[PDB]
Structure formats: structure tokens, C-alpha cells
Amino acid sequence: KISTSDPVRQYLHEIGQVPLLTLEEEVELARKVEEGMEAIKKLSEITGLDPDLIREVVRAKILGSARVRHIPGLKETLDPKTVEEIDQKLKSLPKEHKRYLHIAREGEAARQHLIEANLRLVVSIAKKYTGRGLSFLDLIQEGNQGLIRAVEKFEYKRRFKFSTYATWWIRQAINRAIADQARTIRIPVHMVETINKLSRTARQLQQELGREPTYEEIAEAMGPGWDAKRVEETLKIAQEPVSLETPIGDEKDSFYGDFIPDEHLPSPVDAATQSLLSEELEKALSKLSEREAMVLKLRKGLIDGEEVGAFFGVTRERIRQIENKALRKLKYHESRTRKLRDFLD
Amino acid sequence: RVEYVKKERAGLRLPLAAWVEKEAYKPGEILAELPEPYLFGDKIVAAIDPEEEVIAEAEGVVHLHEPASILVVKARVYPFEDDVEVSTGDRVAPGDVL
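First to last, the protein sequences are chains A and B.
The first sequence begins at 6 in the numbering used here and counts up one residue at a time.
The second sequence begins at 14 in the numbering used here and counts up one residue at a time.
I should point out that these hints are in silico values taken from the structure, not numbers from a laboratory.
Idealized CB from N, CA, C, for every residue including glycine.
Heads up, some of the hints might be wrong.
Simulated pairs of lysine-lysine, BS3-like, Cα-Cα distance not exceeding 30 Å [as the list claims (entries may be wrong)]:
| hint | chain 1 | residue 1 | chain 2 | residue 2 |
| --- | --- | --- | --- | --- |
| 1 | A | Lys162 | B | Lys20 |
| 2 | A | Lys47 | A | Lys166 |
| 3 | A | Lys66 | B | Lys35 |
| 4 | B | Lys35 | A | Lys100 |
| 5 | A | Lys94 | B | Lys87 |
| 6 | A | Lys103 | B | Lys39 |
| 7 | A | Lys47 | B | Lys35 |
Here are some of the chain B residues that sit facing chain A, going by a computed Cβ distance under 10 Å [stated by the list, open to error]:
| hint | residue |
| --- | --- |
| 8 | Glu16 |
| 9 | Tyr17 |
| 10 | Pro40 |
| 11 | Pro107 |
| 12 | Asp109 |
| 13 | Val110 |
Same shape as in the complex, but just chain A:
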């Protein structure tokens, strides 16, 4: 039906069935997450296998079958055979290293468990960064990605709990997202705070003048290198685009796009131009000596815009010689049979 309510209920229901106790459960899972790492590493150590591979095989066995490996990540790990081979060596690890295997999985599990339980935390946080230009669901989701980030770095040895830790790692994720996706035309984080400061300033300036500040105040109040050109520029990028498709004129049935003209396209007038221009330029180009005419015809009209570098072996003296003597004989007979005079431009 309507999307927000369903997800809210979705994770709120599961947290409702499994919130993490303040100390115990967060500590428990945390402890397991870390041992997973310590395990995977020692696993890489005795298998010679990359910690990245040991991490993806334990993930597959705990989070999903061949199905989840085949669709998400295209196909380099053989759906069945590949991952299984890896699992076999893990079994061969006697009593000592087998332990790490059993640990890695359970840790991976806790990771997931710790992640589930702390989903209300995200939503509660994400709840406040709402009207920034992102969908609540989008916001919660980015924030969610933030919590997963926190899970990777929390050190349970350092007594502080996951609550305060997740807050930061999430708030970071969200704000970034807000700055990265909110607009149609991307604007880096610095420009963003820049714009917030600009805005906040204009607010304090609105406070007493009764005059929506000329871009003079804004420069002053802002700080060190702020000038009119800078503020007019910033607020110009601050305005989001307009809907090329918006209700126009009297709102009846007016779509903002039949009125803008087109530039690349040669309006008939121009197609006729290029025809005579090229046919006449082509006639002249032929009645001349190739040596320096083509040089300047091709150097100017074929690639890019170098007198010396223009002619092949023959130096500058013959260039200027024929260039200026052929160009003038060409212009003065063209003066006789006036074809080009009526400036095609």
C-alpha cells in the first residue's frame, strides 16, 4: 500500500521482538563480531587465502545460498563447487583452527543480529534529518549503511557501548548522503556547509534590517574572503533546478518545453549557408597551387588553427611567399568575380 508505514512496522516489529539489552546483548554480539575478525585473519594465516575470500565464504554459508552469490555479484565464484572447496579446507582444520571456523560464522551471525536490533536507533536518528531533500526511507537506509560502518570499527575492549558509537557513524553517513544525492547537480560537502552558513547568515541579517540583505551584508557577516560575486554565485547554485516539465501559464495544460528554442540544429537558413559556402570554398581551393594553400586550408580548416610547423620541408620564406601571394591573387580575382564579397558571415 503506502511504503513508509510498511518498513516502519517492518523493523519496528522486529526490534519490538528483539531490542538489544543495554549492556549484555550489545556486549555479547560485539565480542562475537571481533572474534570473527580475529578468526578470519588466523584463518587467512593457515589457509593462505585472502581474508576477503574467507569473509565471503562464511557470509555465503550464514547469510545465503548460491542464489545470493549468483545474482548480486555476477559470476567469478562458482555457485556450488568453488565456495564448497573453501568450506572443505575449513573442516580439515583440526580441533585448533576448526574452532576459528565455527567462531567466524557465529560472529558473522552476531554481526547481523547486532545490526537488526539497532535499526530503531537509525530510524530515531534519521527521523530528524528529514526535510533536507531526501526521502525518509532513503535517509533511514543511508543511516542504516552508517550503522553497518560502525559495526566494523567498534572495539569492545574500550568499554563504551554501541549506542554512542553508532550515533556518530550514522550521522556521518546521513549528512554525506544529504550532500551527495539531494540535488540534481552534484555539490561537494564544502559547498553544502558553505550554503548552510550563507543561509544562516541571511537569517541573522533578516533579523533587523527589514531589508532582505543586499549581497553586501552577507559577505561581511560571513567572514574573511566573502564578496558580492561569491554570494550571488553561491545562491545561484543553491536554487534547485526547475521542472522542465512544470504547470505553466494559466495552469491548464502548459508544459514548460515547447517554448525553448534549439541552437545546434541548423535552421534551414544555415543549411543553405554551408551549401554555397562549401561549394564555393571548394571551387577556390581547387583552382590554386596545393603547396601552401592546402597547408593553410588543412591547417586552418581540417585539424586545429604555426607558420614554420605548417609547411612540410620547405621553410617559412616559401610559406609566407606563397601564402600571402596566393591568398591575395585569390582575393583579388574574387574581387573581380564577386562571389565571396557578400560575406557569407
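Dock chain B against the given chain A, drawing on the hints supplied.
Chain B in isolation, oriented as in the chain A frame:
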């Protein structure tokens, strides 16, 4: 499957408290741990520890609640090896194919 335990009396629980009271994990003293009638698996003192901690110095702790979470699943302790289909479950103690 129960979880954490406080300090009424300690008996039959997992390795957690083992290291705490060094008597049993340092040497074989868990039998003498039973105080005064032994003159006339886990069995600890009459009642001396009350935390979900590690005892270097009572540092890595967590005083709290003890859960009793009933898992409706069938627990197997000594499965055996029958090779008709690929070895299912487990061996006595050595091999664990599961």
C-alpha cells in the same frame, strides 16, 4: 539453553567462571572447591562470585540479568557415523562434518 549466572551457588555451568576462581583451571582443585564435607562437570564454592566477568583483577565485567531462553530444538550430544548418505551430523567427539 540458559545463559548468564550470578552468585547463589555455582554448579555445572560452562567455562566462564573457570578462570575466575583459579582453583580448577590453574590446577585440579574444583573437587576441593566443595568446602568442608569432602573430608567426612562443575561444582564451585558455597557461593562466592556474583558477576559475568573475567577475573585478572575484577575488570572485564558485566553485572546483570540471567536469561533462560528455551530453544525448541532437539539437542544431540554423541552422534555416530553411518556412511549410507554422506556422514550426517557428527562423530563421537573428534570428527564434526556438520
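Hints, one by one, checked against the model:
1. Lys162/A x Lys20/B: Distance of about 25 Å is within 30 Å: holds.
2. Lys47/A x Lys166/A: At roughly 26 Å apart (the allowed maximum being 30 Å), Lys166/A and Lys47/A satisfy the hint.
3. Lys66/A x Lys35/B: violated (38 Å)
4. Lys35/B x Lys100/A: holds (25 Å)
5. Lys94/A x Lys87/B: The hint holds at about 28 Å.
6. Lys103/A x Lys39/B: holds (25 Å)
7. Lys47/A x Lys35/B: At roughly 28 Å apart (the allowed maximum being 30 Å), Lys35/B and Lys47/A satisfy the hint.
8. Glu16: holds (8 Å)
9. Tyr17: holds (7 Å)
10. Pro40: With a minimum Cβ separation of about 23 Å from chain A (threshold 10 Å), the hint on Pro40/B is violated.
11. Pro107: For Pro107/B, the interface hint holds, since the closest Cβ of chain A sits about 8 Å away, which is under 10 Å.
12. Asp109: Holds - the Cβ of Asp109/B comes within 10 Å of chain A, reaching about 7 Å at its closest.
13. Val110: holds (7 Å)
When the structure is compared with the earlier hints, violations turn up for hints 3, 10 and for no others.
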